[PDB]
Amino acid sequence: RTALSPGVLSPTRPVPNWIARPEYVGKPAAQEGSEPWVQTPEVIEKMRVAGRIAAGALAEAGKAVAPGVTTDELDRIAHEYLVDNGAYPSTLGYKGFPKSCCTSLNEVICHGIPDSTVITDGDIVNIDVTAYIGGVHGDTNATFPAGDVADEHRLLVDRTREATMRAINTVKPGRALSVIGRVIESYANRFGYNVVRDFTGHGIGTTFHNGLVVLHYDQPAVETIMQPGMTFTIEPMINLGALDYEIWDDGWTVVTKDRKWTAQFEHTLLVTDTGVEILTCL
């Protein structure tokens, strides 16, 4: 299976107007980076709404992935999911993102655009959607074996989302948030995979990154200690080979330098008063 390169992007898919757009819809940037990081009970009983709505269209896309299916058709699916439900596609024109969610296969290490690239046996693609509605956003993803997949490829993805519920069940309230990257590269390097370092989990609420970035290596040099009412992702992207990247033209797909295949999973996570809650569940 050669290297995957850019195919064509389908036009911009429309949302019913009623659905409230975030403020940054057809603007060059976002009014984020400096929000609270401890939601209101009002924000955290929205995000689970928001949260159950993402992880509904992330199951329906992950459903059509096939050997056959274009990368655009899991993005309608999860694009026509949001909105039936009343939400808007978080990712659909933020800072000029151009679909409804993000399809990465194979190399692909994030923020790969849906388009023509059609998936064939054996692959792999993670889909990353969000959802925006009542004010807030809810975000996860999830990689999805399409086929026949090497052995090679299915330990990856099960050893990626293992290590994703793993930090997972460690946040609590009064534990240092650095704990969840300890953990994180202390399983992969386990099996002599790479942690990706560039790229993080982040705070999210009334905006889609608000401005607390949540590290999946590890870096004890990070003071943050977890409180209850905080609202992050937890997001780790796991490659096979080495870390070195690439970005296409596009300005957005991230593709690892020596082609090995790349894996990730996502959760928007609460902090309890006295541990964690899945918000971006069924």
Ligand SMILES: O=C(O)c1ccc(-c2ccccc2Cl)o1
The other form holds:
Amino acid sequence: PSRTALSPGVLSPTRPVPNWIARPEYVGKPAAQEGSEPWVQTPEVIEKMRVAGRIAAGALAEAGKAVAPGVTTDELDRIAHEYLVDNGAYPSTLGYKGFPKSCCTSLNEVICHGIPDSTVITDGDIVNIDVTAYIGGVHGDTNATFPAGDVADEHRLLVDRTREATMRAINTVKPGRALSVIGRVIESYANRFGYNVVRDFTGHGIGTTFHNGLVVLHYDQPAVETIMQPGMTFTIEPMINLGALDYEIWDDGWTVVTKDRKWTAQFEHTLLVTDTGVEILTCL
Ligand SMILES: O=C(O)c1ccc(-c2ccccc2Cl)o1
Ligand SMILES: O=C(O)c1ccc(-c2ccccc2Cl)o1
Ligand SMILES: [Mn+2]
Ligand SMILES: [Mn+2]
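May I ask for the structure of the form deposited with this ligand bound now, the form solved without this ligand having been displayed?
Every component of the complex follows; first up is the chain already shown.
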């Protein structure tokens, strides 16, 4: 057997960031200034996104190394937060639309936007950690689902196959191809196993802003005409459900859970379209 349905815990105090680490403009505001930015980035922007992406990838891998039964999701946030701040990066989620922590930690039936807190990870859990770094005036965004202890076969396979769906979609990225191929490839692969790809959350353009108005769907919709062009930067980040897509949001206003409490998994990279293919910006 795996654990029972989760419930919310208590948050630790807000974690401080030294003042010399520049804040994104939305910290201390209720909304963000984003959604109308260009989709192709300039070379200077891309070079700063490589640095933000590598720092985000390091924070994700250090917090993912700590996933084990007995560890709290708050402890993963401490690790991610400190890694970012020691690298002179601001954690982009902290204060984004009022989100209270430096990463999102989404176990088991939590689709996304789980809030690090007193929740204890236990054997059989799958733990998505999602971290974004703002440094050099740009963002870098990555997430991965990590197993805790011995995970049941149905949940292990969901994680491995989500990871594979994400990588197969990244390996389609090429100038001249339709953006819609990413969702065609993810949903065709998911559907081989009878999984359902979440539709109401998507990937996005990213650059000087977190969510720049470019939308990357992870389901099949070939009517989108957007073409991948050199210098475009965006995420591929499918959330894949064992059960139905219906979902609810907890009273905290953030945590998104499957209504049937069946488990879900997600992986994410920030990508650059190159002249030949793709470059993953969120690698170690
Ligand atoms: O794009 C992401 O990878 C992501 C993870 C969390 C969020 C997010 C979206 C909307 C409101 C707040 C938050 Cl933290 O966005
Ligand atoms: O373990 C690996 O080698 C592997 C393949 C894909 C990923 C991964 C890591 C971080 C975020 C996204 C993805 Cl797809 O990690
Ligand atoms: Mn993310
Ligand atoms: Mn993202």
